[PDB]
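Below sits a lone chain in structure tokens, taken as the form deposited in one PDB entry.
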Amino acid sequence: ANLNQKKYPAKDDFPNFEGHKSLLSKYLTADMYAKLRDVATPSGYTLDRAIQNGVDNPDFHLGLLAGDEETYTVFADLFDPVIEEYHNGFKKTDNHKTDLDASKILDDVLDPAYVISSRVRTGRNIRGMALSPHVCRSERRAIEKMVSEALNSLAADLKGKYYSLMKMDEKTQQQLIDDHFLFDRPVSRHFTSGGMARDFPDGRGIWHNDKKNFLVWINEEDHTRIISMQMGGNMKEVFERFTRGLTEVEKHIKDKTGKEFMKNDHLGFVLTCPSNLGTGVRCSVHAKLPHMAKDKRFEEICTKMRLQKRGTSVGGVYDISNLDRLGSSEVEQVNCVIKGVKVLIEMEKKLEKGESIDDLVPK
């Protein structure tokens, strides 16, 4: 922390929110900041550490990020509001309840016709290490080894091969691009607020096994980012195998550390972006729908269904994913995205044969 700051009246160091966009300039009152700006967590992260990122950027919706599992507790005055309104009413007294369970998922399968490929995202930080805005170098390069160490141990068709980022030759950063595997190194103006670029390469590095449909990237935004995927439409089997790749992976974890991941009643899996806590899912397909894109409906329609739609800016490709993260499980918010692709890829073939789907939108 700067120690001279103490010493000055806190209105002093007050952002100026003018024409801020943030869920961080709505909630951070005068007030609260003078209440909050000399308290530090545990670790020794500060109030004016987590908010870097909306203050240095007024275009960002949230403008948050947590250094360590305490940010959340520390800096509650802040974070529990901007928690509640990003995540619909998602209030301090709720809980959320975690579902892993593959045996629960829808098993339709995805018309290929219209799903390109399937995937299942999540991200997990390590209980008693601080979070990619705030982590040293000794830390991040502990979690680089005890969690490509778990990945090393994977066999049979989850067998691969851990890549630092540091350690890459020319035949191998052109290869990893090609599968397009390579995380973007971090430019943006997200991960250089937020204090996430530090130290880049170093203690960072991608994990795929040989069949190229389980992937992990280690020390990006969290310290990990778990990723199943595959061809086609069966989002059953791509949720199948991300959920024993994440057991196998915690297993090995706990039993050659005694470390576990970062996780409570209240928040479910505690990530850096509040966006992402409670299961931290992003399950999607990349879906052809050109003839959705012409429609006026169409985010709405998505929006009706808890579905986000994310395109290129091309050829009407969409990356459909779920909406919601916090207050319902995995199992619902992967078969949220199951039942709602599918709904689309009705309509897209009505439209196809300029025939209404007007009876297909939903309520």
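Numbering follows the first chain given and starts at 1. The term rigid core refers to the most C-alpha atoms you can superpose between the two forms while keeping them within 1.5 Å. What changes on going to the form deposited in another entry:
- When the two forms are superposed on their rigid core between the two forms, the C-alpha shift of 2 Å or more among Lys259, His291, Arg141, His190 belongs solely to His291.
- Comparing the forms between the two forms on their rigid core, the Cα displacement of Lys353 reaches 2 Å or more.
- After superposition on the rigid core, the Cα atom of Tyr114 is displaced by 2 Å or more between the two forms.
- Core-superposed comparison between the two forms: the Cα of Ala10 travels less than 2 Å.
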Contents of the next structure:
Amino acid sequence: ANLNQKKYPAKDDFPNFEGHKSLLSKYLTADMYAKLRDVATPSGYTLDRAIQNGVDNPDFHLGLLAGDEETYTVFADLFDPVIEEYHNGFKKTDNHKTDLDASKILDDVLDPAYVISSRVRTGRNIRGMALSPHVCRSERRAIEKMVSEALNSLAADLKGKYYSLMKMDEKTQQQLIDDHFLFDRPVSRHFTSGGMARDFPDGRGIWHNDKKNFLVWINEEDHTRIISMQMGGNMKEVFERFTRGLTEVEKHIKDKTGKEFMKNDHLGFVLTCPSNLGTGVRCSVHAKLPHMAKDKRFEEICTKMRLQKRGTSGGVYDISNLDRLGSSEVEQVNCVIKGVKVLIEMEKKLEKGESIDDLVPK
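Could the form deposited in another entry be shown next, to go alongside the form deposited in one PDB entry?
This part shows the chain on its own.
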């Protein structure tokens, strides 16, 4: 931290939130700031570094980025009310539940005629080590180290290859971009003022299995970004490979280094940006619902089935789980499955020209 800072009145350090449209600006008052300005985490992460994201960008919705797990407890006065509003009422007294049991997932195969692709993405961080806003070079290398080794120990259908973003050649860069596996130069301001673009690309890397349905990004926003994806609508299979890979990797790391995933009872998995807390899961499917798009209640139909839609490229929508924190991976995934099946059924009624007032919420 800057040691001259504390000789000054907090008042003089308090951000001007004029024009800002973030939850940071809405909940951090002058008195709350005067209270935590000189209070840092055990690893040395400050309040300023924590809010740098939003002070620098007034239109970012949250404008908050944690540098370690203790950031959520040391700066609870700011994080809790922000987590509560974003996560639709999740309180500081509420506790998150994890349920990564693949056998609990519905075996309903969504209509291949309406569903193009199925996807499951989550993020994981390593316990006891600084997140990206704050991570040093040695910690980052060590993460890359224990994670790539665990991915490289994967076998059978999880068997694959690791790629260091460092000194990568154009041939390999072109390949990964053609597959949509590659992530590069963190030029975006979310990363730059977030302190996450440091030392790039030292410590960064990507990994994908030979069958190309299991993808892992290394040391981007979170220590690991895990994605499982394939064509069609067999979400259940997508989630079962997703869960198997996660289990085998944590187990390799846990036994070879002694460490596991950043995780606690109140928040579930700890992620850098609080918008991905709890499950950090994004279960999505590309569905073809053109007649739904013209229907006005499409938005509300989804919100009540706890889902969000996103247009993508005619009439193709990305339908994902609305919840992250407060409900489980199992519930969020079966939420998408049941929801999409209901969406396909209403879609067929509109194709025929029938009414679906018999299916929508009251």
